[PDB]
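Read the single chain below, which is given as structure tokens and is the form deposited in one PDB entry.
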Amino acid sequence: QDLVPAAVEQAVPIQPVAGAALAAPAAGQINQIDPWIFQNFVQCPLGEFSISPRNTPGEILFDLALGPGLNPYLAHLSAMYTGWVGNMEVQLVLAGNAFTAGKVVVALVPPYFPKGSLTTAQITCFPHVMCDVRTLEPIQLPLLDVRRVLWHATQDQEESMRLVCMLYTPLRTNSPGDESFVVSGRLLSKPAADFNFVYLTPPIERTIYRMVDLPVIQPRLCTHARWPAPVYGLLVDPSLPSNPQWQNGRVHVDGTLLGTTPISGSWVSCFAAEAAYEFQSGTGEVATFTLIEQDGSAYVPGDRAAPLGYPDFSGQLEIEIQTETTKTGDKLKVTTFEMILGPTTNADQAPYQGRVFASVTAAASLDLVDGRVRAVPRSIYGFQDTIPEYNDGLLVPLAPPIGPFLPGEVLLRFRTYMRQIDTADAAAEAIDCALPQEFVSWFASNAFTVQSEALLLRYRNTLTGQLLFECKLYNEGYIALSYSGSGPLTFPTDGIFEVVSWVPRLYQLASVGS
């Protein structure tokens, strides 16, 4: 005769996994870590998520892989080792309330289980813990090294054990009351008794598990990335188009440039070519340009739409070039030519094929010598923020349009002003970019590894450390804010962007408002 209790605590039953006892006969060395790293839970580099009443049951809230990039001490230490082996421990804290109903499941998913779409029925067939959003204290699970190899390489990230969290039952509030309410979650970890490193190497600085940082410069000392001018403004505007297809100033956070984006800010909306002048009788002397790369290399039609640094807007542009004449009384001068960029055919512009056309009006036939030039913009006429002609009328390789966003998110814009010709309006013609120069470099100089889908940034006052807003910076290189206003909203331009954490894609920012 026996008594079965209704209330039992909760636990995960395990079979022990061997670490360095399997690895040691074919490792070079087996290296120990400081014994007090085994004593403290420390927040994970990806250690923030949220829960809303807009999430639906089945959604995945976080997803973590075993290994050294879960602890900031272990990630600092991996710069001087070639491999790793052993077990870990994770801790979870939820900041909910008394009005909040809901459950989540945290499952342990092994390597080589096909990463498709899990359902709510299936998540409880793994080892798991059942948690609800009203808990005051933290929950912990083990994370074991179930594997087919003898050890792992710190610089190639292969298959390991994962930690998946799913929303089990919907999240509800009793009185309507709180539907703008978000639950915060945080993740923390330490290593368990049986974790080692493998082979001592020189400490390399540009390893993986090195954390991203931004350059410490205020946005008003910087340089616009689509037109050769400083940065003057910083704002967000729902009235404008949401998914622009700009082609300069676009870079991945892992460091790969895309579009015609150059490294230097002295290539921006400028070009270089071989020159050839003729004097068709009607208008004037006409210059046909055979395009090259600005470092003097040849141009080959490839996977961009033009050479690096080409203007990505429409309208009539003014250039200044050097000219060497064959008259009497002059040998060198800065000449002006007038050029049309937009979809304004009858001129047959095809910078994708390596030929552009321009002209200056002249009652003479000034014999200008053929050679090599560098053209720089002077003024713009009828500027539309739309792509120019790249082929004659044909489509070219492009970079995808900016996006996607979540419901409620909008795009952050850096603004500058262009020199223009205008007759009736004396307003300042504005142009935006997503990331300024000083940011497209510092990427592609550093080559970071993205470790998640977005980066959470805080923007502060350099003095008094006040918080101005929070934002998501996605891997593709654009920033989002949570903002549901209708008109514009501009921000002070002398702050500094911080780095907080890697976050998931479904992360819910706090809303900004005028």
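Numbering follows the first chain given and starts at 1. What we label the rigid core is the largest C-alpha set whose atoms superpose within 1.5 Å from one form to the other. First, how it differs from the form deposited in another entry.
- The one residue among 377, 102, 309, 351 whose Cα position changes by 2 Å or more between the two forms, with the core held fixed by superposition, is 102.
- The Cα shift for residue 16 between the two forms, taken after rigid core superposition, is 2 angstroms or larger.
- Residue 32 shows a C-alpha shift of 2 Å or greater between the two forms [criterion: core-superposed Cα displacement of 2 Å].
- With the core held fixed, the Cα of residue 183 is displaced between the two forms by 2 Å or more.
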The other form holds:
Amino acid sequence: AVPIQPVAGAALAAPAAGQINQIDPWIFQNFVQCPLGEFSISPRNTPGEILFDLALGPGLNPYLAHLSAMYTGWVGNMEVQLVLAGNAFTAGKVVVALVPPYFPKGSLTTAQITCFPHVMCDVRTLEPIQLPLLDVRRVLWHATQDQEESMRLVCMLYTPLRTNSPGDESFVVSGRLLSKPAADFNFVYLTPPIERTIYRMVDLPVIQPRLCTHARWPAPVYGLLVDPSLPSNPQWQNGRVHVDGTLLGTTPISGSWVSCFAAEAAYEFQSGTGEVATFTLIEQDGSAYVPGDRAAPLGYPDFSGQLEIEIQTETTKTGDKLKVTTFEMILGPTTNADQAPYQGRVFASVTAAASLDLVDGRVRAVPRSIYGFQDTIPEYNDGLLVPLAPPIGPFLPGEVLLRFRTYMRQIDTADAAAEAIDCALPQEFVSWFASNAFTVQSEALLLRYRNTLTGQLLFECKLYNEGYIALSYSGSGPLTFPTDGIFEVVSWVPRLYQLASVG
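Follow the form deposited in one PDB entry with the form deposited in another entry, if you could.
Excluded here are partners and other molecules; the one chain stands alone.
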């Protein structure tokens, strides 16, 4: 069919392999869906778009991906099926090409796609199109726990779709790809099964949101909502984690480090403000702090306002040795006094008429209350710029951020409403991703929120690699969801995947 030579599999690996291992003959009799092998074609699409691009390897089949954990290597070819869903009143064409292992990745055009060994397929095709996937390589076999260059399968839109549509829908053309191993596929060497393999699917802890911990204020999570009338691209420096396990910003690992800090204190009495203390910050585990590539030590608060803190103070006066004292610090936006957490120094003041003989030493400060709270980053430098984390985004047209909401301890005189603060992910998910260290596949994960008892689906969402969730919402007023569901992982989806609208 295509202009290519036959490729030898185990006949080339056998002399230098230790064993050649066989696979269940029933696996050779079933075509299974490939991951990321599906697309939709619209009348508004332009020729030259990539529909799918899949690389040869064990990860194309769930059974082979499972079996990969007890072996050292693999060899051989596969066979794939393409299924298109059109009818007799359509027009258009696609091209499927065979790209060799070491072709420089980039962007192709319709002119260049026909210079590979390819097949041209019409949209009106009834039967599935069957293709081979051959193992072109410069080695004798591949390693299971190490991904190398392989032959690829790339699909492009060649000639556009011409159709009629009704007044309510638009008639996309759907395509799916399935695959199975060929008669010349083998594994190499029996090894003890490994649990931390690279073909391991991402999962989430089975915990309800109402039992979790907020990642920006030390309080239980009280709400879960989307509100389009709020800044769509916030720049919070806490609660930022990557799916592969990389912490971002000033995010700590433990929930007891949130909005607290540790330092060394020096107290002195000024007949003006009262008693002032200059804290030289360190890490909460006792290690030293070096100003590097983040705005502050791990866990430092990332909002603006006037904060109250308690520390353990020891006075050398007679009849008294230990107590707990509450100070008052200013961390609002550009407030009049030289606050440099980035350099590692802060100032606090307390009201006093005499000198309280407080001995200096190591101090850990935790928050009490906030006055004049704003959702803006604090004054890390006097007026200078600081290394930060990029704002959350971007979102597709019509996508809104999902927020986990809790309430803080306020100080106020005129108003009596609650003080709401939101985060992107709860603190348990941060530690889950840090301790699991999965392998990222494409751009995002598809999730499902469901009720534990009745098994009822509530909405859909997308979990991006950077660690934020997006919903397809078209309203204006805030929408609130129950906090007794469970999040479940479905599959890997591309960035341009269209969610089902909620509300």
